[PDB]
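We begin with a single chain expressed as structure tokens, specifically the form solved without the named molecule.
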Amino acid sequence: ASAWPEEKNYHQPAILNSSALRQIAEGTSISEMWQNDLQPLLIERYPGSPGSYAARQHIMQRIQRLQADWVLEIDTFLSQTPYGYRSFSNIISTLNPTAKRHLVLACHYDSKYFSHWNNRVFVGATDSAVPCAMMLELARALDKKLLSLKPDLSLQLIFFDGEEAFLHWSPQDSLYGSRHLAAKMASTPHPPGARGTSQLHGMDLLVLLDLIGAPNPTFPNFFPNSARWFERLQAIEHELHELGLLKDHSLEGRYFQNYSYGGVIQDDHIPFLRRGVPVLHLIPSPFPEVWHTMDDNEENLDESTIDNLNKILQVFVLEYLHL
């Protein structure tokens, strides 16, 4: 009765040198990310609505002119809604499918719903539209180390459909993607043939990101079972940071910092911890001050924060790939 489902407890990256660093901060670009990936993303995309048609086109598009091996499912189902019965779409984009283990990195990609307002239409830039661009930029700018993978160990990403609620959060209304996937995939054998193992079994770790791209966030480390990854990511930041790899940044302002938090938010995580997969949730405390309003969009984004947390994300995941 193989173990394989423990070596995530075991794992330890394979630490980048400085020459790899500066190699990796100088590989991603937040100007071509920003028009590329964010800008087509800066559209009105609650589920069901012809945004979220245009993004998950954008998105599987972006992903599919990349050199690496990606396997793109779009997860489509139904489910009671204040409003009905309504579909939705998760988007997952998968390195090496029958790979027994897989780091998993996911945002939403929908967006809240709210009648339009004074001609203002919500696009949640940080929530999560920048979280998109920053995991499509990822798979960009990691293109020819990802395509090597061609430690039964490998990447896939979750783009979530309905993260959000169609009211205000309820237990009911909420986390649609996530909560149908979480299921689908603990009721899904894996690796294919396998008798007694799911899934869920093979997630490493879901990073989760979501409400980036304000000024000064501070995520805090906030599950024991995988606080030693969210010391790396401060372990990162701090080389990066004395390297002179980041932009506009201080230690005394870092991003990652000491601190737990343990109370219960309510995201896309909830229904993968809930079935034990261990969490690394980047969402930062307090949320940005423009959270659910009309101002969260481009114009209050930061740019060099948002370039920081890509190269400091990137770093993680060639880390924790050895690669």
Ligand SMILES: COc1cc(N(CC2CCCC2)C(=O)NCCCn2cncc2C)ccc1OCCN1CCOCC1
Second form
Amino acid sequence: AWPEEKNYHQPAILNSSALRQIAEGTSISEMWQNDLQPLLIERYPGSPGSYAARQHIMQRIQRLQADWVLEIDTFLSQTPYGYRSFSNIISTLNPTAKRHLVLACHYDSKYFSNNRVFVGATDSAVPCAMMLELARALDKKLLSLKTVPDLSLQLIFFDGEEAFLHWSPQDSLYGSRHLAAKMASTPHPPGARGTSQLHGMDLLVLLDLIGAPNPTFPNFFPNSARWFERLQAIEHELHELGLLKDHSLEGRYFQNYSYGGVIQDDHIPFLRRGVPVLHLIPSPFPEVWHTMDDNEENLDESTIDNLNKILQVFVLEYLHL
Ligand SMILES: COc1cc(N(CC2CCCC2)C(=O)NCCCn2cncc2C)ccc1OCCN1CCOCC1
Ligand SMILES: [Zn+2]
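So that was the form solved without the named molecule. Now I'd like the form solved in complex with the named molecule, please.
Complete assembly follows, chain above in first position.
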């Protein structure tokens, strides 16, 4: 019956002084320097930067005081170039806990051929950095979960999202196609009474392509609608208290409108197995998407900080903290 708790979970909404605490307790300056800048490198799967990217992540996660259980999931899969290795990163609190909220990003960049290298600033680098910051910021509040609903937080940094040659069902989402199936096969909790690690997913909040100025995120899925509306309410109630920077209520990030087609992303292998997905990707896509102009100079430090704040409150509301 606990697989069905996700369908009924309710937030605990923070008060205005608490929102005043979380907006000061995070800072895009530290995020920029300590978490985001080292991943502004060439890091395709099986590359030198891929390892450096991965060890950046885990190191920062072990700087923290909350006892994150790190897991590297290395595996082989065929690509248009023969058999490659991919290693998803998975950071977990309360691995023994039955239900997990999952904030997800992919940390690989896409292999490209003038005098400029593709670092995918928005294509993963900022969203993966935003996941690092939130953990550093909420550390003192996550440390409360160490001492003991049965719900905690999980960070996933997928590998091999990108097409190697030409984007197709077969040449895409390597890291998440494997990790969904692996999760559909891993007995969770250690009791192993007919439940999977996929069943222990409450909600997959997949960040992607976030750093650009003026993003509008559509509401993709009915079954995550209410959490999209909590994102609206969180953005409203941060602005109304004057906690958002260069933010206007007429050009907001989270607008109600629906999306008709489907976008293929790391959520797709889990959506196909009945995981409630909250896909935080903007439509339209950033104009820099998949061009080497995708870089730090075309990022909006103030937009990212507003979204840092909005997301950090969502999971502090989701987790009843
Ligand atoms: C919404 O928008 C775009 C979506 C897509 N579909 C949809 C299908 C593609 C063909 C049929 C429908 C998509 O599955 N995509 C997967 C890429 C995923 N992926 C790569 N890295 C990070 C991620 C999440 C295709 C193109 C879209 O538009 C791009 C136009 N932009 C170009 C430059 O910037 C401004 C406009
Ligand atoms: Zn991409």
